[PDB]
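Okay, so here's just one chain, in structure tokens, the form deposited in one PDB entry.
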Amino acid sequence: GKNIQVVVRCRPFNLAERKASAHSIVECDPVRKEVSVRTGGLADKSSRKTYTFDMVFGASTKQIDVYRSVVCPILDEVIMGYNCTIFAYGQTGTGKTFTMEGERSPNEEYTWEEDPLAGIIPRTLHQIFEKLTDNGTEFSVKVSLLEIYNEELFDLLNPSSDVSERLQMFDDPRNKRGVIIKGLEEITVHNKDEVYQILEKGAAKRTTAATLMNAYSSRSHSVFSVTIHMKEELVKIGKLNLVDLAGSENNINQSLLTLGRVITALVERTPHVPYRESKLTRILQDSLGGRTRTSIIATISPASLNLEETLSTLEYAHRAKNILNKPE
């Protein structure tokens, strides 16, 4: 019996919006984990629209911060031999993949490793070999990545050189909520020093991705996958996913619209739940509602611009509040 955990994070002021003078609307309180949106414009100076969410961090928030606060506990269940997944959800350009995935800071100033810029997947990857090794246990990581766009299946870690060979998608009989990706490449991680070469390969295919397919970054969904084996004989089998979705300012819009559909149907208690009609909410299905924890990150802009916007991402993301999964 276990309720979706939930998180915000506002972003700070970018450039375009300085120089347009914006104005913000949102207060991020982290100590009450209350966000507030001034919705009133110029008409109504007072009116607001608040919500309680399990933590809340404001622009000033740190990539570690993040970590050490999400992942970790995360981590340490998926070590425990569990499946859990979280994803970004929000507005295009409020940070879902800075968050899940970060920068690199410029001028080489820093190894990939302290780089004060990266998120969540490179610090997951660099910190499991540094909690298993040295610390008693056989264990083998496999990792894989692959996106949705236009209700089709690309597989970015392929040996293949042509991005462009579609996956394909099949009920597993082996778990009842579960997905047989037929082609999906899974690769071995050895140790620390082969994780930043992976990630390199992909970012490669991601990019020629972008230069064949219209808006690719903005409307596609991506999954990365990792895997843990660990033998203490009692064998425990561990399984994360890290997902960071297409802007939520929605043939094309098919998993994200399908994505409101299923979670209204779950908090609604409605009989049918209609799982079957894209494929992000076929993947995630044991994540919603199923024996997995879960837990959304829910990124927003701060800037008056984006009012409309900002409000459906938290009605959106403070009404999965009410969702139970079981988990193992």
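For clarity, a rigid core is taken as the largest C-alpha set superposing within 1.5 Å between two forms. Residue numbers count along the first chain shown, from 1. Compared with the form deposited in another entry:
- With the core held fixed between these two forms, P274 has its Cα displaced by under 2 Å.
- Fitting the two forms on the rigid core leaves the C-alpha of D29 displaced by under 2 angstroms between these two forms.
- Once you line up the core between these two forms, the Cα of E17 ends up 2 Å or more from where it was.
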The other form holds:
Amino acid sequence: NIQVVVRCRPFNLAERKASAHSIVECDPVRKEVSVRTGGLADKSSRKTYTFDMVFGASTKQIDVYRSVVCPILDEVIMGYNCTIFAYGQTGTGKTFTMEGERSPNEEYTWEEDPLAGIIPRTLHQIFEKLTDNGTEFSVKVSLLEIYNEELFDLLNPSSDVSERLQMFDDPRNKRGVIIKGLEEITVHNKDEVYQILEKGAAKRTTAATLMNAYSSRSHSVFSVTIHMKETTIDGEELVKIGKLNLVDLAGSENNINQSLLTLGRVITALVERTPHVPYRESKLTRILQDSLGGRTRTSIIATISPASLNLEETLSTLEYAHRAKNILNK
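Structure of the form deposited in another entry (previous: the form deposited in one PDB entry):
Just the single chain follows, nothing else.
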């Protein structure tokens, strides 16, 4: 049930001038990724995995959005909850897939930058889709980050990153939590998206100087809630509420990361049908527990490197992502 896709990033400039041989080969039509495990392009041993979708190095942001994100966004707009995880070693493209970057020299506007990732495109498409049709709606976003089992709000513009948030169980709905003081920024229109994202980037920079390896060791959860009151061309009123969580996981390479540690164990118990799932043993898994064997539709995008140097880690990732496929929810 949980759909997992693989995305291989392309060799960087440093690897180009050093003329690197890729140990990774993708086959989109056959949903397969093959990895050279022994060495030699003339003769070798290989490991092969089949996932729900595979994207090779030539894949652009647009392909990933039209393929994986558009159908999920549609489900969200119907009143469902969806989650998308980016999993993989640091430097493989987890942030590039989820957030994206800017094209050099101000060549484009944030709405047309071909380097934009899932988060900017989605906020732009929500307004694009709901504004056209006759629908009343409000968009709220939120950016929760976890570092060393502490919670931080990266969008509140009246608090510094030295102020952690408190987490309690929600006495109302089970297996849910309440984050005291978490801010929800209302995005009144498409032309209000970029700055909210800019604010989070700046505050995140203060976070990095205050915590070691912050961007490598932290988990970020960018949430977008959509309150909708649709009115068909007839006069029917549809009040749907959708929530989409975009999670940029800590680097999977191996102090301790309890949330990452617990995520691997939660997945294990779910796939092996173990009665006890260790959701509560980490902030990340308590927060997103409905996205792991719950009533949420979730997708995992595993990012890998094609360089032979990252062999051990590329396999860990694939192998980790291949087991997640057996997780069933709803």
